[PDB]
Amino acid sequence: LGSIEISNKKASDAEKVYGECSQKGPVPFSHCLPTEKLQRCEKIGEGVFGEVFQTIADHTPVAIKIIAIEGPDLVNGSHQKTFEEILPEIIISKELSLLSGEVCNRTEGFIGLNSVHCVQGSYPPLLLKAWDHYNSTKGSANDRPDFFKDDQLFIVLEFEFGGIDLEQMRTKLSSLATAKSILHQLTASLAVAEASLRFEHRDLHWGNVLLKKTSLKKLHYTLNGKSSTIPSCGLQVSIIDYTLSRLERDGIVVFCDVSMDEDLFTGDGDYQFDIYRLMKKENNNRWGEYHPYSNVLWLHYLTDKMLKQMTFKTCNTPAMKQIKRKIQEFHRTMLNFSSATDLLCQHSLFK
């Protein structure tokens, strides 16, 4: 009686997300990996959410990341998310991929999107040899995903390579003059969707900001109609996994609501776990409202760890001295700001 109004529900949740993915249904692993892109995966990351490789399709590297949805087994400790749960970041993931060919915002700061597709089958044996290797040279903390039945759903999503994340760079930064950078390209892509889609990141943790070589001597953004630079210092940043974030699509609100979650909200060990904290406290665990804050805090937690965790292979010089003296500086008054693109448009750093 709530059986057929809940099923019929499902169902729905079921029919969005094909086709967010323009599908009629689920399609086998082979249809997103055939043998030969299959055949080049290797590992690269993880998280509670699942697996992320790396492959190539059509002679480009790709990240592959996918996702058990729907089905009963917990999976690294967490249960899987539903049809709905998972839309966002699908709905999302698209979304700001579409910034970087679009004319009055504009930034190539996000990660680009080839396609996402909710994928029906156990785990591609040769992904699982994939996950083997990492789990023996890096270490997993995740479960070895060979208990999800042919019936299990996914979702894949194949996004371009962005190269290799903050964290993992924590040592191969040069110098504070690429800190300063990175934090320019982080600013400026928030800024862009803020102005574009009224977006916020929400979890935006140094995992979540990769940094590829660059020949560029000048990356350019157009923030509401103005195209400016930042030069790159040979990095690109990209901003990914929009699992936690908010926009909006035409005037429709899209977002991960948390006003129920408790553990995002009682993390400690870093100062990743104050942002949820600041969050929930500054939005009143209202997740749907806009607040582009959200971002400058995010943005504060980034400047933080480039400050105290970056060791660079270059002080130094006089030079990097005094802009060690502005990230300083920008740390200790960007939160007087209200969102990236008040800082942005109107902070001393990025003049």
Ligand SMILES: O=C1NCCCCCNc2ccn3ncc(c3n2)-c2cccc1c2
Contents of the next structure:
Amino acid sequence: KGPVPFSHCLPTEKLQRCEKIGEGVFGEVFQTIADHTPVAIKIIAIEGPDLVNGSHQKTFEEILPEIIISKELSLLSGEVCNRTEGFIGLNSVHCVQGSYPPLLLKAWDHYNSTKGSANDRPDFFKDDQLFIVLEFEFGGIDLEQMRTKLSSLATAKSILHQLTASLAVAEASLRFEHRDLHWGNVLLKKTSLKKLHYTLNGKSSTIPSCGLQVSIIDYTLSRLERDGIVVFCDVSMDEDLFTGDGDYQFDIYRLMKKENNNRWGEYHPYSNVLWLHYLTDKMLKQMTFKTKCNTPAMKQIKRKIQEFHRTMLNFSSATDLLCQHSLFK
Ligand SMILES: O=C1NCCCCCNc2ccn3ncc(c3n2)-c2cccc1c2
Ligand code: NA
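In place of the form deposited without the named molecule, the structure of the form deposited with the named molecule bound is requested.
Below is the whole assembly, all chains and molecules, this chain first.
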């Protein structure tokens, strides 16, 4: 039948090792260890009548899109014709019932103390409350938190290339749009591989890693389709999403709406190009590299990224960028 107790997904040892790693209107994301293996746990309240972080809770039906999308993107690491590891593994999904575990509140508190939270402390849920718990592969640390930690603009180039490739592969296989690819949703993890591999419509290629593997996460707003069945988040009646300021990020939401005429069911892979532009913009303006571009070779990489910034909005998809933009030649 129905939901399982929190303790089914989060036994004592696993709860004791939880550290909060991020948040959103949806809820909370923690890192922990499951079977000696780091994982990320995303916890979303469903079906209740309380306001949570300023919104009503989703119904089970309303969470299925994100579950579906998470599974599809996870599957791309093991496909053949259109293959990428540039999203994240989905290990499990559960529906749990209970009040919020005190140990997760303790982790929540530590995060609020050190980084600050925009969320309601999740301590008001009763013992009949339902949640969806998604357990993901642990993908490393977000680009925003790594903004002063990267080696050089060659590393930035790798990151852009990886992101563009991953998005292209998902466009080709799934008519995917991420739709919220701010720099908090780009993860970086060390790899000893010198080259990373992807396959796009049957053609395989490689990207120099610069020692990092990128994972694109958080599919709250994402869209895709399969066999003409579209799965998406309909934000056509959201006001607040389109009225932010203070960062180019908030312009991207408005520019998406302009591109799609507020019809979020449609496929508009230009949204992927918009997010990639926003990300290039962050690379050129808000990162501090450990090695400056004061050699001719590194200056040259900078000029290519500036050229990418200046021209990429004339491309129609991540696929168009990957296949045709001079940056990737
Ligand atoms: O919805 C998700 N994230 C939204 C909040 C940002 C947390 C960003 N930081 C990290 C750090 C490491 N990891 N590893 C996996 C994930 C993850 N997230 C992850 C996976 C799927 C969704 C989200 C997050
Ligand atoms: Na990944």
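Between two forms, the rigid core is defined as the largest C-alpha subset superposing within 1.5 Å. Residue numbers count along the first chain shown, from 1.
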item	value
Candidates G225, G267, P231, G77 - which moves between these two forms, C-alpha at least 2 Å, core fixed	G77
Post core alignment: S136 C-alpha displaced by 2 Å or more between these two forms	yes
